[PDB]
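Coming up is one lone chain in structure tokens, specifically the form solved without the ligand.
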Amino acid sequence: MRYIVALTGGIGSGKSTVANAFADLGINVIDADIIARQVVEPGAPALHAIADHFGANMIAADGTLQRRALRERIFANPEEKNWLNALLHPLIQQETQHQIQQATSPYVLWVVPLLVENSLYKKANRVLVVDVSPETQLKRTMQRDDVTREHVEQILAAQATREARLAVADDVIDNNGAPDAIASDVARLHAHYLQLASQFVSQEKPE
């Protein structure tokens, strides 16, 4: 049984930067997006039901998914998008706990961009939020993606607010100024998490 520390943050908060810092400390990272990408890769059951629902030509000859192609027709008929979820959802769910169970580190870092939006913090033991100013969010996204300021702002208005994230955070790490000052905080958090991880299974009283 692994202690699950969930990580989340808005677009451009540098989630990857924080996750890698924990990775360097020996923690296994389970990214929610990679999980989502794997359940629809060659061999996966999800490919099948896709061909049965949307169509046979949904899956290329080499068995791989026409990922960027499917993403089109779905947003062309967004009412099926909900369907394409009841299918992948339980699978994502299964793969995620399968990889939590496979981790050997004292605790795992579960990076969930939509932690707040999908209330996935209800499945975490600890919630770490990487926090930055909305300004920084705009800045970094206007460079790493080459988009207008009103394009990112349009995204921000679609994700949970900064405050909504802080409302469910157990720990918060500041990341709006050089991916190096992070070292200090991660080390602190990491030390505490090991502490929590080693005691949670047999702890008689909360905290």
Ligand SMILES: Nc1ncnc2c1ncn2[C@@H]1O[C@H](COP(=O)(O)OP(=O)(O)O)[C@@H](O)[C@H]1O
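Residue numbers count along the first chain shown, from 1. In this text, rigid core is short for the largest set of C-alphas that superpose within 1.5 Å between two forms. First, how it differs from the form deposited with the ligand bound.
After superposition on the rigid core, the single residue among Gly177, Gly55, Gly43, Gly26 whose C-alpha moves by 2 Å or more between the two forms is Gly177.
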Contents of the next structure:
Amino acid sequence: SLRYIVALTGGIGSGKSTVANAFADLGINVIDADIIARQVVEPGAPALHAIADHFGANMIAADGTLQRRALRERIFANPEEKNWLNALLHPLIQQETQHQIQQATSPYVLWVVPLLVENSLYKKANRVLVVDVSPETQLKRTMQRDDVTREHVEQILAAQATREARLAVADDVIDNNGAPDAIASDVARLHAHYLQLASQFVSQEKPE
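After the form solved without the ligand, can we look at the form deposited with the ligand bound?
Shown below: the chain alone.
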């Protein structure tokens, strides 16, 4: 069956995790792009064999686990490797993402993609939801949460797509720079619409 996909995105410290949990409490399966990226290098995964062939047998421990720290340290001191690794992992992530989408039984799925705008992944979503906050909120909330400096987070903000680039592709926007508890009511409203969209998308004769 064709699953209805709502993609969630937002910059660092905007509320991706918080919003995702709100949808999960309503019974929606969350498919998280960062979890998928870790899944494709889990013990026994096909990517591990290719990684051992390219980087050396010792990239994989005796117990079949990827030596994460060891890979990170190799790729960081060999820039093009990041690109080699991403190319290897890309198709595998696409397949695992679809498999999980296929495996989810909720009325629609929430696909959480930090790099949605950067990687133009909104082209694979039926609906785009952006959790939005002010840049200052991103700074204060990320600093607190990760115990890092303001300047450190300012660099992440300048590396990520901008606030406006995200709003340009959004179908819906949830504001999180206010009270944490206005989240439940806004998510319920969006969920109600998403149930309708998902229930009629397959037969919907004309657009919206």
